[PDB]
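**Q** Please arrange chains A and H on chain L, whose structure you already have, making use of the hints.
Each chain, letter by letter, is given below.
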Amino acid sequence: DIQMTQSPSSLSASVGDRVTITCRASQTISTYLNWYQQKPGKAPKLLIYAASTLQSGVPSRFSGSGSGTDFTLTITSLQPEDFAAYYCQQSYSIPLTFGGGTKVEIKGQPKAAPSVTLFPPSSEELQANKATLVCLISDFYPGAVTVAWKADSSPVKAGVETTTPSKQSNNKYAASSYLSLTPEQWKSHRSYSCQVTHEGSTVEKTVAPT
Amino acid sequence: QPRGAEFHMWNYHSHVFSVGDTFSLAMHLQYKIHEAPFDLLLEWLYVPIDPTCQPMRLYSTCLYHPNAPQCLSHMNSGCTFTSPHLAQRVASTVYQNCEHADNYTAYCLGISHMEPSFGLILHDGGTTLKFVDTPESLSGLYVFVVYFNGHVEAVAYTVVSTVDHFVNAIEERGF
Amino acid sequence: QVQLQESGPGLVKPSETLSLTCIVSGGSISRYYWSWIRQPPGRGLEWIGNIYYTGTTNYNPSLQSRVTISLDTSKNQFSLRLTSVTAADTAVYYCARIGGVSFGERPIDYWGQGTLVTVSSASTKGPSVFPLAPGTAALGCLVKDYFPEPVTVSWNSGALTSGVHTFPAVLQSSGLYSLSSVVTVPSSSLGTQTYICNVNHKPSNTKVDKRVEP
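Protein chains in written order, with the deposited numbering: chain L, 1 to 210; chain A, 305 to 479; chain H, 1 to 82, 82A to 82C, 83 to 131, 139 to 218.
So here's chain L without its partners, still in its complex pose:
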């Protein structure tokens, strides 16, 4: 088993920057590795074969170089579509092995204010003996945010199910959160509030049972 070490693990560069990732092997593998790009959810695609040759249908900004025990993949100018992860895989010796992977994150997006929306539970779910409400903030770039739930006057700490997508073609995030509770407690309170704090003033939305 030839160990393959891929560096760095995670990097963040703005749009158009030159991205360089290194791959090292335990033994000499002459021009016998390939670089693959795996977008989140999708299957990995072949980027470079023979460690220096471009696969048909790949933009020329991806370049592979090196030989022996040292190899390098270079993205000439980053684009909002190159957000995927990259792997280097050897083919010289069985078992053919892959690298640890490198997460290239785009940092070219200036701080975007999230767009906030609130959705109260539907009647069908209330008939299904469960009460879940959804608070969504979409199209914001910077890191992570804080969202709190108000039971008409008070922060509730439990029942918050927070999820985050991967970077999109606009390099923006979307935090979604579910608040789950029984229909009795859903109807026992009047004004449910979702409060979001990110990059400006503190925003909040409210729902009432109309």
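Calculated from the structure, these hints are not laboratory results. Among the clues, some could well be false.
[What the hints assert, rightly or not] Once the Cα atoms are required to be at most 35 Å apart in a straight line, the calculated DSBU-like pairs of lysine-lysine come out as:
#1 H/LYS122 / L/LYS187
#2 H/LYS122 / L/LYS103
#3 L/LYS39 / H/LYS211
#4 H/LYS13 / H/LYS75
#5 H/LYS13 / L/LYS39
#6 H/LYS75 / L/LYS205
#7 H/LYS75 / A/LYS434
#8 H/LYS75 / L/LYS167
#9 H/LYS214 / L/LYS130
#10 H/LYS122 / L/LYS157
#11 A/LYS336 / L/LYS45
#12 H/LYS122 / H/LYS75
#13 H/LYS122 / L/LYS130
#14 L/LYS157 / H/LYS214
#15 L/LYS103 / H/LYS211
#16 L/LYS103 / H/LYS75
#17 L/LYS39 / H/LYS214
#18 H/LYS214 / L/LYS172
#19 H/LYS214 / L/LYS45
#20 L/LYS42 / H/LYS75
#21 L/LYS172 / H/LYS122
#22 L/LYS205 / L/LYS187
#23 L/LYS42 / H/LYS211
#24 L/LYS150 / L/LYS187
#25 L/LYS157 / L/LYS130
#26 L/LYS39 / H/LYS75
#27 L/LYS42 / H/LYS122
#28 L/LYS172 / L/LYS42
#29 L/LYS172 / H/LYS211
**A** Leaving out everything else, chains A and H in the frame of chain L:
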């Protein structure tokens, strides 16, 4: 600037077969050659495998070193793959004084002489064995070695055996 | 321009024999290697084994006693069998091809779609779908209380592509999963187009359409 030659052949194969099969053991040689007057020697060797040796220790970095006294003194080639001289020749194909190197090997047709101790109909290029109506006795470890101008350039082991007495092989470097 | 499709089960109980079948189209089968590759949900992907068109099966030695690869050239397919599946085998399995004819050209060029295989001690559960009605407008669909994670969400049979977000699944302490898919649309385009979200759950083999409207 360029000098020498390079070969690669994926040095790990396994094949499982039933008795009476007509399977073909085919290997994929990949090569780049310079200095057009060269000599090729594609050689198939065999060694019977003993089920009592679960790890078949192939000391692979022995074929490249020609006269290591430490290699050919394992008291026998019982279940460890020592120097290729301790194995038995099965197939030999020689491209002697070949000149047209830059393209397909179908332009430098050479000979393939095989020892009739085995059956093993030989096929294109002498890079593949075609086993016809095989008895159980032929099970063992077959190895493919390529001599370029007298030196080993690539070697790929392949384990051929039935389901009943099938043994794995672990490649090792040194000793 | 060849395509590969996996047709294996989504859920397998522990200490069983996982079986997958990869079906190929476009080329035929012949002069290429055919391989299977594993990838844990978060970790990097690893190689399991590959097969030539005439036997010649190369196996990853870390897991060799448990894996078998068969070929069905008559049906243009190749099958993978893994006996005694443990908890660690829960992963995405891809079937792909290895080719190239040059000194160093041996890439994994054409990959398959891949399928998720998970091991647990249950049977299945169908998803529950709920609509979520409204600068611009936003509308969503919520999927709740469904077993193994692979689930696909489209809008109006895939006609609505841009401006759609499909969040990853979260784990509800009832041992279930939850997911939400949202769409942002122009304010004036609310009452004209009919918005329907289609949810497909392959492990339960359930396709459900939900219309969203205030």
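**Q** Taken at face value, is the distance from the CA of L/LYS45 to the CA of A/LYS336 at most 35 Å?
**A** Judged against 35 Å, a Cα distance of about 27 Å means the pair holds.
**Q** Check whether the Cα positions of L/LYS42 and H/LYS122 lie no farther apart than 35 Å.
**A** Holds, at about 25 Å.
**Q** With the threshold set at 35 Å, check whether the alpha-carbon distance from H/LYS75 to L/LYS167 stays at or below it.
**A** 41 Å, violated
**Q** Please verify whether H/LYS122 and H/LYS75 have alpha carbons no more than 35 Å apart.
**A** Holds - the C-alpha atoms of H/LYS75 and H/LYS122 are around 33 Å apart, at most 35 Å.
**Q** Holds or violated: are the alpha carbons of H/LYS13 and H/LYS75 at most 35 Å from each other?
**A** 28 Å, holds
**Q** Compare the distance between the alpha carbons of H/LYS75 and A/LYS434 with 35 Å, and conclude whether the hinted pair is satisfied.
**A** 24 Å, holds
**Q** Holds or violated: L/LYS42 and H/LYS211, Cα atoms, limit 35 Å.
**A** The given pair, whose Cα atoms are some 21 Å apart, holds under the 35 Å limit.
**Q** Sort out whether H/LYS75 lies within 35 Å of L/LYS39, counting only the CA atoms.
**A** 31 Å, holds
**Q** Are the Cα positions of H/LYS13 and L/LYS39 separated by 35 Å at most?
**A** Since the Cα atoms of H/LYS13 and L/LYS39 sit roughly 30 Å apart, the hinted pair holds (cutoff 35 Å).
**Q** Holds or violated: L/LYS39 with H/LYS211, Cα cutoff 35 Å?
**A** 26 Å, holds
**Q** When you check the alpha-carbon spacing of L/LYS205 and L/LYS187, does it fall within 35 Å?
**A** Within the cut-off at roughly 18 Å; holds.
**Q** Given the hinted pair H/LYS122 and L/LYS103, is their alpha-carbon gap at most 35 Å?
**A** Judged against 35 Å, a Cα distance of about 34 Å means the pair holds.
Violated hints, in rising order: 6, 8, 16; the structure is consistent with all others.
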